[PDB]
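Subset of chains shown; positions unchanged.
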Amino acid sequence: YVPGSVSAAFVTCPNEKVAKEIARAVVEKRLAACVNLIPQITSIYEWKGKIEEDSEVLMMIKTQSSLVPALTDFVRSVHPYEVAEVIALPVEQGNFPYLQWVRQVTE
Amino acid sequence: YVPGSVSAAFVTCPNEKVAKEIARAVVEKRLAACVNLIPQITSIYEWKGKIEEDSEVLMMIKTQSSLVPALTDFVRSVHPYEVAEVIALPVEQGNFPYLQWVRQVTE
Amino acid sequence: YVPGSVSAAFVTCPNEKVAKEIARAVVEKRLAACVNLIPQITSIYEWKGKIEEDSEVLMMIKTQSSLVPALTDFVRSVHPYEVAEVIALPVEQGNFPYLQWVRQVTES
C-alpha cells in the first residue's frame, strides 16, 4: 500500500435525498468504492454579515486519491450548491485488504 | 492550492449548547470558515480504571492550517474540559473554489 | 509534538452493539486513547450488481500512529465483516496536552 493513495473525501449536502442521489451516482460511475452518510448535521457559517445555521448531511466518500479530481468534477455538475464543499483527506495507513478493495472496485 | 494549507479540525463537546456557542464564536472571530456539528455521539474512554460512556457532540471545523494554533488557543480558553480534544487533519485535495473561499473568509 | 504521530482511524460497524464491544476492547487493551461513535449512518456501496444501502455505525478511534497496525489486526480479528474498513488519517496539528495524553494512555 502506497501511503495516501486512497483518500476520504467529505462532501456537504442540503438534505438526505440529494446526498443519496449523489452517493449512488459516484459509486455507480466507479468514482468511489463507497460512501458513508452522516445525517442531522448543523452547519454554521457567516453570510452577508450574519451567522447562519442550516440542516445538512455529510458524505464521507472513500476512493483512490487519483480519482479525487474526477470525483470533484462530477460533484460540481449535479450542483448541490454554486460552490460545493469537497475536501479530500489522505489515508496514511489502514487495513490493506480493504485499501486494496477500494482500488480494485474503482480501476 | 497548496496541499494541506486548509485543515479539518475535530473538536468534541459535552452537548449541543456548548458546541454551538464555540462554533458561532470561532466563525465570528474569523478563526474558521465554517463548522459542521455531528450530534448523538457516544464517547468511549477510560477514567479512574473504569471504561466510561458519555453523550457528546462532534465539531468538524474547516479553516486555514496556519490558523489551527490560534483556533486551538481559543477553544482551550472557552472549553469546559480541562483537556480539550482538538485534532487537525490536512486537506490534500478538493474543490478549489471552496478551498479558496475558506482562505478568503479567514484572512 | 511530531506531526502525524497521532492518528484518527475510522472503522465502520453493522450496529451499535458491535461498535461498542470493539470500542471498549481497544481502549481496555490500550490500543486507543478513546473512541467516538457516530450512529445512524447510511452506507452506500455496490453489492455485486446492485447498489446497496445499510444502516451502520462509524467509529473515530484516536491513537498513536505506531499502534495503527496493531489496532487493525485486533479489529480484523473480532470484526464481523470478512474485510473490515479501517482507515487512519494523520493528525498534523492540535492541542498538545491532548496529543500528549493520547500518547501517555497508549504507551506500554
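By letter and in written order, the chains are A, B and C; residue numbering begins at 1 in each of them.
Convention: contacts are C-beta pairs under 8 Å (C-beta built on N, C-alpha and C of every residue); 3 or more make two chains touch, one makes a residue touch a chain.
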Size of the entire homomeric complex in copies, 3 being in place: 6
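To be clear about the criterion, only the chains that are shown with their structure count from here on.
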Whole-Å gap separating chain A and chain C, where each centre is the average of the chain's CA atoms: 19
Where chain B touches two or more other chains at once, by residue number: 38, 40, 89-90
Footprint of chain B on chain C - complex, ascending: 6, 8, 16, 20, 23-24, 27-28, 33-40, 60, 62, 89-95, 97-99, 101, 105
Footprint of chain B on chain A - complex, ascending: 4, 7, 9-10, 12, 38, 40-46, 51, 53, 56, 58, 65, 68-69, 72, 75-76, 83-90
